[PDB]
Amino acid sequence: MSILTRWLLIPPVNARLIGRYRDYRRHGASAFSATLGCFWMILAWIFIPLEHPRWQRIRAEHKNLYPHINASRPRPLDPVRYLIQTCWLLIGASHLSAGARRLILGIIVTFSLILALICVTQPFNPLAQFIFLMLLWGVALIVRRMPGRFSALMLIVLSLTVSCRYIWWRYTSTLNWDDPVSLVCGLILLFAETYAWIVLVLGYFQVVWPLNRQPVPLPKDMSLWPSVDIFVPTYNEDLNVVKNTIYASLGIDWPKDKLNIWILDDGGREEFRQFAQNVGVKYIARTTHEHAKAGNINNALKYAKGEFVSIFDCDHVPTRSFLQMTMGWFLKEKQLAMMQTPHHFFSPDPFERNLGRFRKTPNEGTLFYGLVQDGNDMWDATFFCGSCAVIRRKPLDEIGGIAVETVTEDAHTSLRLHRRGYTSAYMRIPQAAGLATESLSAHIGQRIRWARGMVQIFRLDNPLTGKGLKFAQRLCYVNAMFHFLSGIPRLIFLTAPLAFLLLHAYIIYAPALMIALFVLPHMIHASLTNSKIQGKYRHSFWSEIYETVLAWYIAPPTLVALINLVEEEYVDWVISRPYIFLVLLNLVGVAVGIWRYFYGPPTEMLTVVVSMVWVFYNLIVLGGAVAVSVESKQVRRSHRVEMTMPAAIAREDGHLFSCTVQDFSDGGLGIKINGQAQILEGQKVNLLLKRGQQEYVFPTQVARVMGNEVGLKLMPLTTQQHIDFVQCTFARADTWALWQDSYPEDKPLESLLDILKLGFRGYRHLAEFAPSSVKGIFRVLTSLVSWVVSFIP
Amino acid sequence: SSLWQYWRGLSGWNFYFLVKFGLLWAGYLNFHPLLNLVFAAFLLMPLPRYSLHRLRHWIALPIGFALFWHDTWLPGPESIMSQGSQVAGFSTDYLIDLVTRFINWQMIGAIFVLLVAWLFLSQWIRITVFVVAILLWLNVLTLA
Amino acid sequence: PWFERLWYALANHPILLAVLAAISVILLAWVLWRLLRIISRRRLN
Amino acid sequence: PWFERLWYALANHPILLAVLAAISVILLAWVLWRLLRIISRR
Ligand SMILES: Nc1nc2c(ncn2[C@@H]2O[C@@H]3COP(=O)(O)O[C@H]4[C@@H](O)[C@H](n5cnc6c(=O)[nH]c(N)nc65)O[C@@H]4COP(=O)(O)O[C@H]3[C@H]2O)c(=O)[nH]1
Ligand SMILES: Nc1nc2c(ncn2[C@@H]2O[C@@H]3COP(=O)(O)O[C@H]4[C@@H](O)[C@H](n5cnc6c(=O)[nH]c(N)nc65)O[C@@H]4COP(=O)(O)O[C@H]3[C@H]2O)c(=O)[nH]1
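Residue numbers (the authors' numbering), protein chains in the order written: chain A, 1 to 94, 142 to 611, 625 to 853; chain D, 12 to 155; chain B, 26 to 70; chain Z, 731 to 772.
For reference, chain A alone in the conformation it holds in the complex:
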């Protein structure tokens, strides 16, 4: 029958069709798909001039710029996608006297507050409110592009005016006093939002003015420098994690006559005793194990004799500049009794490891140790955070040592020191790096312990109502304690629209337009103000993910306390149960809402849309939370730190070649050689590292050669070689500061896109494994529709 085709169709087109059909048959594509593709091709080339060289040049780089379209994979409704993408592109764009000064301040402040009260309590019609919204939002946007602290204050005040307006409107004209069911839940949501507003106001106060304390130079004479004792308390950590801490301590740039390093062991392990004997540091193994780490430190204080005590965790390695950058203030302020240093984690956190964003997004704790403690510094409320700190022993002996009551002993002892009149200080430069939690369960547990301790301090010591303590200190401490009571409001927020969608209950009795015109400015201004203030500390919309991960596990213990090596990828079902339950509830709500959009009253058309967008936001948040709960592969014994240093390699025949170190770990290095000079996968190599102008040699064995990249494994080193290696790789006083300074800034829209992709990735992750089999089908359907829509944006 090929003769008929040859006669009817010109042979070039016939050959093209036959070849395309054969290619799609070999790839499994349907013959009907090939026929439809050819029909579209011919109808286009006759109804669309594809001969234009402009479109040919666009097609030349179309694959690189738009790799989401495949010419060899036809799909139903392809021309609709082409038209939609084309429409998106065409749419898209390609001094004075005291009394007079006080009176002037009084009049200015009262006038400004009267104007703010008028702005807050002015009823509007929707158009007037919208104009007000656009104007104030534009003012915020303009002030955003203005570096400094005055702009931060302006944004704080503007946000406070907007939030006070929102709360005033909610408390005046949203509570519907008609129903007994549309009242209790509405007031519950109102109380949740009032708590959130209070937390926001106290946080704005806390970081209103970071102090930016600077190190004070030490005296030139080395005989005036004070004696420092370093404590390293260990209970069950392996020696491989404390060795680097001890080696970095032995290399601290402090006079060895005035530096004693102690290893505290609550396990009575003989390996630690022998290690202490070999390296020359002290050792204490108490017979009675009471009060845990606080008791260990107290027993150590019973023997140590030094002016200052510096507490280090097992995994935290100090830089050599730590004592020189810290001790200056203790000799300047006689009242000082505590100094704090940031906590940095070179190990990838569970979020960073699982979600694949390690060096892109900032760490969870760099907002606290980067901005919050600096804010607490101004009000003299910088509390002990466990490690990377120095305490003067004379004040610490008066208070009876480290507090032993709560599980968070550091905050308690800092609170006692502040209540006895002593001050505290904070230094911003990261001078010690530790290991992050190895799993989501560990993060949940440590946060639970911290929250339990903070609630215990709130119930027992009660910073609000105690003894001599400044009001700013009270506010800072109560804000830190309230931060851990946010689980219940988060649960309310995640389960609020399900009320109306499931059981008709008007939580907010206002038209959807007015809700959009009042709630939205609050959120927009809060996001902008935080993005300016906590700029290189936390990306936008990420705090909700952490909050929702913690909420279900922090709310029960906090409430009770108020009353009284990944071999294979897997999903932590036990940890992820609450997220899956909330996803099921929200999606059954969205099914009911889809029903109500048609079979419900027509007047409730925008309200259902508002509830549905709320449910969609909830689902994105919970999907990100689930995405956290899948553990990525981890077979590296030691974690690697990406640092670029020039180096050199020495062979046994005496040839030296230059190389660039790209990453280092406890027992290896990774280097890059321009051309793969001379190295094989078992040869011994001497590695030359420079610390300033001094060069150090370390024996290595080659483990992997993959072209330019070479992996090296460290040979058994002596103690001095260990110290030198730590001083050349880990305890460098430039790695952590530049690490924190290299964090990208906060882009709210890009952050939203990343979080949406993360939620989609989490849904796809759960589309593979399923605890309750039934959920499998639903998850697969959701992922299917979601990627179909993504292909049709």
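Simulated from the structure, these hints should not be mistaken for lab results.
Where hints are given, some of them may not hold.
Claimed, not checked - Beyond 12 Å from chain B on every Cβ pair, some chain A residues (computed):
hint: 1; residue: 590
hint: 2; residue: 691
hint: 3; residue: 720
As the list claims (entries may be wrong) - A short, non-exhaustive set of chain A residues, derived as facing chain B with CB atoms under 8 Å:
hint: 4; residue: 165
hint: 5; residue: 169
hint: 6; residue: 175
hint: 7; residue: 186
hint: 8; residue: 197
hint: 9; residue: 200
hint: 10; residue: 255
Note that the Cβ used here is the ideal one computed from N, Cα and C, for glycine as well.
Based on these hints, arrange chains D, B and Z with the ligands on the given structure of chain A.
For chains D, B and Z with the ligands alone, kept in the frame of chain A given last:
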């Protein structure tokens, strides 16, 4: 040429057309869909050299100004030329009162917010396609 | 009714209220900036 | 007739007395739930 990559768009004239559309919606305009469409086609006419593009913009600026004046309900140039001497000879108080009555702050605010929205859109959503579509729709409605 | 009178005065004036709010924001920011500078200088000494 | 006078009071004042009634109902429900749990555990 092979590409004719000279359809750069209306660029700043999108705000001009948006102002005209808003004034027409307000009801203060004697709109001329044909003249607006011809002016838009003149603005979108592809030109090879950039110098010719700049010259075309410079020539179209007074043409657009005159078209905007014509499409309004303000009096024609004859009255202005006949009453310029009288306006010059009038007292300052009457001129100030006329200026105050001529300026509407609501109109100024609407124009400013429209300009800000146009800036935001031209940063994210191009406007030439929308302006052309609206002009074509108006022309079709008027002719039919 | 004085609050009613004040509201009716600015019932449909969003531009004026935006100007007043910006003025209040700038002035309160200045006062807070002065106070926080004073407290910061006293804090670092 | 405590229910009659309670309803009359709620009709008189629907703002403060409504909140007070809701708080009292919540407290009574919590107390009754605790008592029932204790009795069942015995
Ligand atoms: N035999 C051997 N080969 C090594 C080693 N380190 C790197 N490679 C090789 O180099 C590739 C690039 O890995 P990367 O740059 O570390 O970037 C890695 C890393 O970010 C991540 N990754 C893979 N496995 C692990 C793991 O066990 N732990 C961690 N933390 N990340 C891992 O995935 C990326 C891609 O890794 P691959 O697809 O496996 O591809 C790896 C692998 O072929 C090593 O210690 N031993
Ligand atoms: N900084 C750095 N160190 C390197 C590199 N290559 C090797 N090492 C060091 O050499 C040790 C032995 O690695 P291996 O023999 O390849 O044997 C490796 C390899 O089979 C596997 N592995 C670890 N990470 C990766 C990875 O990213 N990708 C793959 N494909 N395998 C990995 O786990 C084994 C244990 O590795 P580790 O526990 O990391 O212990 C590593 C590490 O200390 C490198 O490119 N950079």
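So, going through the hints one by one against the coordinates:
1. 590: At about 25 Å from chain B, residue 590 of chain A clears the 12 Å cut-off, so the statement holds.
2. 691: Residue 691 of chain A clear of chain B: closest Cβ-Cβ about 45 Å, beyond 12 Å.
3. 720: 42 Å, holds
4. 165: 7 Å, holds
5. 169: With a minimum Cβ separation of about 6 Å from chain B (threshold 8 Å), the hint on residue 169 of chain A holds.
6. 175: 5 Å, holds
7. 186: 6 Å, holds
8. 197: 5 Å, holds
9. 200: Since the shortest Cβ distance to chain B is 4 Å, the answer is holds.
10. 255: 7 Å, holds
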